[PDB]
Structures are given as structure tokens and as C-alpha cells.
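Starting off, we have a lone chain in the form deposited without the named molecule, written out as C-alpha cells.
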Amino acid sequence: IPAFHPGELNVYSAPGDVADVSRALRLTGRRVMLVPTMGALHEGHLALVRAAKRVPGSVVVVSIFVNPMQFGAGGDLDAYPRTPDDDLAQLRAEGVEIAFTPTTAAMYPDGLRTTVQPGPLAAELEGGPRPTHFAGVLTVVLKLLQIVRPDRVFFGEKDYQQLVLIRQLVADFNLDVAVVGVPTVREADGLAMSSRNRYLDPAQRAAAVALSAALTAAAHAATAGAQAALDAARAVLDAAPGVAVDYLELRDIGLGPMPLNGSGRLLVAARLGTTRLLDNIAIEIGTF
């Protein structure tokens, strides 16, 4: 079995090495926590890492893999930011003991053969412009969960639809893992942290505050009902320079075939130039 140096960052690229080490750790009684990422780590990811680290007796595994299957054909895969050196430096500073950095060949030795087919939610919202996106996400997450076999897996609420779909995967395939959703980390003005924020020039960055301002205005207007909430958000978005809204939807919290009855989630997707930003917030209709 590959060496593991306690209290230091151990980097493994072979799926078999991390599987062997994770198993050995679990057998000694350490609880394995998994934070799946595509690198280009920011404070939002660090919040996931810290949530994992606080679980008593845990050992944290952060996977970094820019999964080709979740990118739609075009230049998106090549355009994804890659900052490997900064990513590992941040994991070392956070006290993470395991980084799993597999190659494309090790993850997809047989190309796209057996894959995960998500439920109907994968075709909506983000699945509109990217129809095969979530099958890519669920397939890689299922594989990472089988490789690492964590007790808990951490995902951010920022990518809410993804989080809901991962909970569906876990329930539907009877996976023995706890899915932990971590609250969205935001800049001082409210902008949700994202690796795509680096593509906002100064003006677009100023204008981008409208997504969070619209959502938070809606959450408070919600005491007056769904129409008030949606219209408050639309007014903020309509007053924002250079913000092109793709969708603004208020749905039941499970985003499924259920109507909004009290508790919901308000989701927005907008483009600033070529940069597509997403944000979402909890909404409680009629609650002050």
C-alpha cells in the first residue's frame, strides 16, 4: 500500500492508491470526509474543507479533477481555470491530509460506457443550455464515492441544482454516505464566490452584485407573497447595467414535480458579457 504521512498533505493520483489508503484509514477508525472539486479553489471551497475538518476524528480527502464528461462540446473544457499550485498550497494551509488528483485516463479508461442517467430535473434550469451536464456530474461523483468510500461528502449550496441531484443519486442508488450541503460563501457585497468571477472585468464585477441583491430583496419581500418576491428581484435585475437574465425561477426546495408551498428556493442565472453567473437563496413565503 502507498505511504501515508500523517499531518501532511499526501497527493495520490491513482484511484487504487487513494482507495487503498482510504480503506486503511477507515479500518483504524478515522472517518473519511470527501470534498469533490474541479480545482481552481477559492474561499467557497475552503468553507467545504473546514466543514469536513470539524467532523470529529475525520481525515479529509479533497479530489481535484476537471471532469470532461460534464462539459458540453466546445471550448468550455479547455477554458476551465486550472491553478494546481495554488490549489495544493491552500489545501496544505488548511491541514488537509489527502488530495486525490486522478488523470482522465484513470477515470475514463473505457470512454463513456456505463453512465448515470439523472432523473427529469437534469433537463431543466442549468440542463437547458447543457443537456448532458448533470449526467457527467453524477457519473463522476458516483465513481469518486466508490473509490474513496467516504462517510460524508460535502457540496456547496451555490450549485443548488447539482446538490439536489446529488441527493437524488444517493437516495436512488441506496448509497451509504451522508450528503452535507454547505452555505454559499459570499464576497463583502454579496457576490457568490465562484471560479468564474475572475472573468468579470471591473465594471461587470460592480454590476454582478445585482444577482445577490435581487435574491436577498426577494427573500424579504416574500412576506407579501410569491409575486412580490419575484417582482422585487426582477426590478433589481432590470436596473443592473449589462446583466442579461437567462432565468429567474422560484421552486419548491426539491426543484421537483411539486409546487411551491411556503418553502422554496429562488434561482437565478445571468450573463455578464460571456460570463454566466448563478446564485440562489432560500425563500419562505409569508414569513417575517
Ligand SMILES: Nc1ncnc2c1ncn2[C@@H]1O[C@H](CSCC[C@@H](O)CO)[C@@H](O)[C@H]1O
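Throughout, rigid core stands for the largest set of C-alpha atoms superposing within 1.5 Å between the two forms. Residue numbers count along the first chain shown, from 1. First, how it differs from the form solved in complex with the named molecule.
Shift analysis on the rigid core between the two forms singles out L260 from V245, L260, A51, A221 (C-alpha displacement of 2 Å or more).
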Contents of the next structure:
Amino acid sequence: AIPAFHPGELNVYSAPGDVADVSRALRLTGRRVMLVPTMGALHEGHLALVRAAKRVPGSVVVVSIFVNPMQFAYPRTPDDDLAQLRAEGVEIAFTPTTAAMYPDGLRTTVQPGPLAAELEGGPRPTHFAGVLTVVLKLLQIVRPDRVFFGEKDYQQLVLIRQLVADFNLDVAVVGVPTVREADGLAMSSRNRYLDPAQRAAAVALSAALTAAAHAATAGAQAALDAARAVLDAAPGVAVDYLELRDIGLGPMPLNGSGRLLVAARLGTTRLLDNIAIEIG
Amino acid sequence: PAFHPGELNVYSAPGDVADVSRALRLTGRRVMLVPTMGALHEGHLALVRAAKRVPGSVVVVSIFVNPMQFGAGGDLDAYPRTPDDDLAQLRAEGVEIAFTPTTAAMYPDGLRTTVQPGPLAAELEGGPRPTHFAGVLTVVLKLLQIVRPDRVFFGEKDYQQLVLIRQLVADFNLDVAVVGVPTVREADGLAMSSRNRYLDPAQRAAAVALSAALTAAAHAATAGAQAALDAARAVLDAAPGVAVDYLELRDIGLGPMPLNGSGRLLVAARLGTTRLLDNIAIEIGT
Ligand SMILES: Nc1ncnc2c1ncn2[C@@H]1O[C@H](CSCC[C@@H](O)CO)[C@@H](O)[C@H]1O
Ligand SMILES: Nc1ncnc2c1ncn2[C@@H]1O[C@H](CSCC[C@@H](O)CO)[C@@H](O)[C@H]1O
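And the form solved in complex with the named molecule, for comparison with the form deposited without the named molecule?
Complete assembly follows, chain above in first position.
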């Protein structure tokens, strides 16, 4: 017997089987199930995922809130997150416990391809296994038609595309453009940790990337050099990498579409950003 | 793509069987999946029959000699391929779908994202072959995603493989029921296997010691674990030219738990270059 679902209201489920049964029943009624995976502490960046999901005709939006210990006190405002979702007209929140997600501990897991050891995988060599493992599980629990990820974490988005292709998953992966503060800083929960000198310096990540994207008419080296100049003008910004790659994060082609990605530490706060680049 | 019912329909393209499967499921039919590497014998046909008896089912039998679950050199080229016989057997069984993918269609990016099994995969069959079960669970995952069956069928013969498939399915919340089917045996007890064709008359005669030892142990087990294990071992010791790789008594889930009353006794032995497996349910004190 299928759990209670009240249309037009926020329905919250903590049991994987409960959201699974409702998702299945809803799909049979001709809803298209959209999945928005989050780790809570929702800002406008996450709302852009929600709104992207909402605009699909027939959508019912499932937002998972689950702090996945496998990809690591993280920020935790449960009541506030649910209010944001309620305000957005999301009808399903999925809020499992760790015990619910991992009843048998870490046993079978996803091993990502080699890209998981590069870029963000340098400092954190197991982070992406954690991500792909919990993503695969949510996909199987919820069985969405489409799943939504922000372009801000571009490498995560690329690896999710690889997970979906590699395991023949029947879901469309949708990347949603980065939401930015008024000065271009990519929205992130971490931003609140920056002191005022750090927050002023943080602007150099996005400024560096936009410079590069416009410098790119003069070629790949001019793009990279323009980006480095901007980063070089910021104090207290320790660049971990600044790398131009093709859109699938392979080596950058001589001409064509690429992505430029940057990561930097401002004190104890690590920030990432990335931008589309067209070479020449 | 076309699907003619009451006939065997062979699809090579994953997209083709995916479309047909989905179409069938929407029309009411329940999809049964029986994954094989071909070279079918009566053991595989019990799997088919178990699938076939599920009411309203359509049966998909996949045939794919999965390069990822083989080590080098060596073994992959040596696995028997008898596809004419296979398809004929499936037709004779009233199976409606054979799925026969190419390596390129399954591994267009080579080994990129893969399944990493739990620690069980390092044990028993995994000992000499530490990448073996990653290969199996990777292809089984992909098959379940392509075919999206209601239930998937595996033999008890490869009992550790069954256990790990159950782990895959639990751990990744796969929406499929795993059905284990009892081992089909020759008249004397020899567990049916594609490997048996590599036993000459003498080795074939000796090979009965595997099932003899396990059934003796299952009967001796009223007298406890030591008695069960020592009975099996005596039968194996008395068998000409059987080299035992392992004989282990484990809990039914094979994992980080002690044996109590209920267990599984598993044997692997070499007859010349041919490596044979068998296992049996054990009840201690029963
Ligand atoms: N500023 C932003 N703009 C757009 N998307 C964003 C932003 N900030 C965060 N997100 C997006 O919000 C999601 C964060 S939680 C991801 C869960 C996954 O790891 C599995 O556990 C992710 O899709 C970010 O890329
Ligand atoms: N004698 C038997 N009785 C019952 N089932 C059997 C027997 N012999 C083999 N099988 C069963 O036939 C299947 C072999 S193909 C497994 C495919 C996997 O590695 C990924 O490609 C397996 O379910 C055996 O346990």
C-alpha cells in the first residue's frame, strides 16, 4: 500500500522505500519525476536547480537532502531548507538517515574512472567514489527522468555523465549554470566564512575566468595568461590549479570548445569556479 | 525494433533490447532476466524454466562472454562459444528474447566507471583472481540497467557470485528481485558446468568426489562441523588426481559472521588443468 502523497504540498519522506513507492506511483499517473540531489543548507544556487526541474511539463520535483559521509560538521538547517522548498512549490523532499542509506556500511561501491584522481581528486582522492556511489543509489531509489547538477562543480557533473553512460542508466543528466553574487562570485555556503579582505579577493576567481573567456579570441595561451594575471593581482589567494581542458575534461583541443577550471584557498576556505571557453 | 511474440527475438544493440523491454513492461508483461556467457547446458535451462514459470513473464536471456571478469592471458579465448546450439536451446525453451551484445557496445569506453565489490570479492574464488568479481558485478549492473527486469536469475553453483549479486542489489538499491536456482547435477552428482567438457573419462570419473564429499559432509553434519569437514576431506583424499584448492564452511552470507547451525560448504578443486566448483547447504546438528 503506497504511502500518503498530498499534491501541491511539501511531502517529506525519510525512508528510501517510501519515496521509491511514491515516485513509482506518481510516474504511473503521468508525472515526470525530476531529481535534485543536495546536501541541505540551500541557497539560491540550489533553487536554480529546483526551478530548472519545475519547468519541465508534468514535473514532480524530488529534492534529496542527505549529507553523504562517503564524500567527506557541515551546515545543517533542516526546518529552513524545507521552508525554502515549500516556498518553491516542491512536492517531495527525501531526507534519509545515514543508517537508511548505508544499512550494511560501505560494501559495494562505484569506482570512478581516472578523471576522479585529477583536479579536485588531487587533494581528495576518494571524494568522487563517494559522490558517484550516493548518486547511483539516489537514482535507483527515485528513478527520475532527469537529474540536476550545478555547473559550479563541473568535474562532479562530468563524472556523473560518465557514471550514467558507463552503467547504461536511463536518466538525462541536466547541468544548470552557476548562480553568482552581484560581483560574479559563485554562490556557495562557504562564502560566509570569508573575512572582508578574503571576500574582496574572492572576486578574482570569476573575474579571472570571464577575462579568459574574452581573451580566448587571441587563443588558448592568451586566455590562460589573462586568467593568471587577474589571480596574480589578488592577495591571499593560493591557486591550487588553473586548467583548460575540453568539455569532457580531456586534454584541450587545438581549437573548439573547452572549459577553464580554477580552485584556490583563501585562508582555510577552498573555492572553485569554471567557465566555458571557445578557442579562437 | 520489432518483437514477434511466441518466437525468439535476437537483439544485439543495447538500445534495441532496452526499447523492447520497456515497451513490454508498459503492456503488462513482467521481464525476467537470465544472464549467461552462452555455452548453455541444463543448468542454464533450469534458470530459464524458473524465469518462464513466473506468471505473465517475458524471458530475456543475455549471452555475453564478458571480457572484464577474465584475467590474462588466456582464459577468455579458451571459454567455449557454441552460439548455434545456444539459440536453438532457447528456441526449444520458448524464450522470447536473446540479448547478444558486442564487446564494443558494452565497453565503448573501455574500463572507465566500474563496480567495486565488498571484501568478499577478495576471498575464495577472488583470492587468485582479485579483479574477477569487479568484472562480474560491473557487467551485471549494466545488464540490469539495459534490461530493467523485475527479477534476475542466478545458479547456486556459483554461490559466491550469487551472494555478491545480492550485495550489489542491496547496496545500490537496485529495484530487482534476485532469484537463486538450485544446482543441476549429472546422474552421479557432478554439478553441471561448461568446464566439465574438459574432463577426460578418467578425470570425469574422479570428479564425482566433489559432490560425494559435500553430500557426505551434509549428512555427517548432525555430528557437528569437525565431522562434516573431515568426512568431505576423506572423500577428497581418496580421489585419484583431485587437487583441492579450498574446502570451506561458511555462514550462508559468506561474510564477516561465524557459522552457527546454517551454512554453506564450498569446494574448489583441480582435475588436471580443469578447475571445478561445487557447494552445498549445511545444517549443523540437524
Ligand atoms: N552557485 C551554484 N549554482 C548552481 N548550482 C550550485 C551552486 N552551488 C551549488 N550548486 C549545486 O548544488 C548541488 C550541491 S549538493 C550535491 C550532492 C552530490 O554531491 C551527491 O551527494 C550541486 O549540484 C552543486 O553543483
Ligand atoms: N549446474 C548448474 N545449475 C544451475 N545453475 C548453473 C549451473 N551451472 C551454471 N549455472 C549458472 O549459469 C550462470 C553462468 S553465467 C554467469 C554470468 C556472470 O558471470 C556475468 O556475465 C550462473 O548463474 C551459474 O551459476
